[PDB]
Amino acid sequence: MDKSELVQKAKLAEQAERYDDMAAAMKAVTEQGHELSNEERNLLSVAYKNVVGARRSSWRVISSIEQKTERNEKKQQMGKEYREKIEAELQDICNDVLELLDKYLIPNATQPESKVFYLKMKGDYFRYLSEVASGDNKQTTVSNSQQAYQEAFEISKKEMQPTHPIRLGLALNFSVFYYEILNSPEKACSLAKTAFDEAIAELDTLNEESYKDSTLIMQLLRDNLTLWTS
């Protein structure tokens, strides 16, 4: 199809919670080789987030069951083989995304926020790979994850306002990397807390408590506006 049609199909697939269709359409869009609009970027991101997240969840479930079954050898071997099938799917998905990032998305990014978004995405998908990697391969994927996050981080601190959602989402996912992949809870907390504090400080007339109060009331205003116009 053409780009307009592929994007329409992705939106329909998203509504239908058919994330494989959504991912396929946005992959085709990307492979047409032009820089993605913000909307197209978000559709691609959401599609592959759901596709990969299903496998991450299934893998956690099967690993948990497999660790808590030390009574039967046959069932344990079955759980191992099923876990490995899910790991293979997860790796195919991650490699798909990383190829898209390396061949189209990162090289074609013109603005700094696009660059940060796609380098964060590379950090994310290398983190997903590292969750199921073993041996030296693990060391590699972990390292690559950190590197991508770090590159994104350096651009975001130089070129992006602390309140920009892409900078904040990067800080969120990088702190998660430190907590869950490097088992470094104090560094994770410091990254998340410094990013939060920088966003708070950029808001000229608010502190943390006043920010919380104000965002709650803003939500209530939006909710009332929704209710009253129906």
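Each form is matched to the other, and the largest set of C-alpha atoms that superpose within 1.5 Å is called the rigid core. Numbering follows the first chain given and starts at 1. Compared with the form deposited in another entry:
Superposition of the core reveals a Cα shift of less than 2 Å for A24 between the two forms.
A displacement of 2 angstroms or greater separates the C-alpha positions of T205 between the two forms, with the rigid core held in common.
The smaller of the two rigid parts, set against the larger, turns by 175° between the two forms.
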Second form
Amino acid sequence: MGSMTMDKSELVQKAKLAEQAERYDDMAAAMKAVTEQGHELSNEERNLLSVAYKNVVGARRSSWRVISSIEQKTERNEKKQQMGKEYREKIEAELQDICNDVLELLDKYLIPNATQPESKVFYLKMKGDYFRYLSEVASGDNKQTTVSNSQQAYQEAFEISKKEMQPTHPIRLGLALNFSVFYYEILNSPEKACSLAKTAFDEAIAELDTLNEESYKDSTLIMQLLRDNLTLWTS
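Same protein, different state: after the form deposited in one PDB entry, show the form deposited in another entry.
Coming up is the bare chain, nothing alongside it.
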């Protein structure tokens, strides 16, 4: 048959099977079709979409780092260096195809259909993430553009989260974590990265008393990542 003759619940069932089979390309294709039907995603559907693309793009980012590390230590052989460079470029082309598809989904469906501030922050953070993934491999003026677009998306998310969400909210915390990584690694601005992460951590530490058992687990999960990053960057 095909995705254009399937209803949403069938595509979601397909995504869940693909997830269990670790066929993440299939899972992303199913959730992409769900998103393209134009309706606001449920929490379950948003989880399936995000997990699929995290794994699809994640495999390429990981391959790209491996290939780039090998290029630094490769003997100066013309055939070998041309092979590694065309191989890195192949991976770069796939990564850019993946990220452009996610960013198209975000701008055409996910962000415009978001009816609640928690959803808006989530998708703007996602936009910031996927422009950051482009920035990881970009060069020259294109790098200037993807870096600027990452920063603008994160910043828009950051402003909404400070107005509509408590400092212990997992999405606000996760936004701070990833925006801090962006400043550290992409903008090479470690002081801004450390101050952004420390402020988010401290302000959340200050309000753990307000949380029940379940919320406390959710929040401290990501506060520990913020502490881990601070420890890594300042030791």
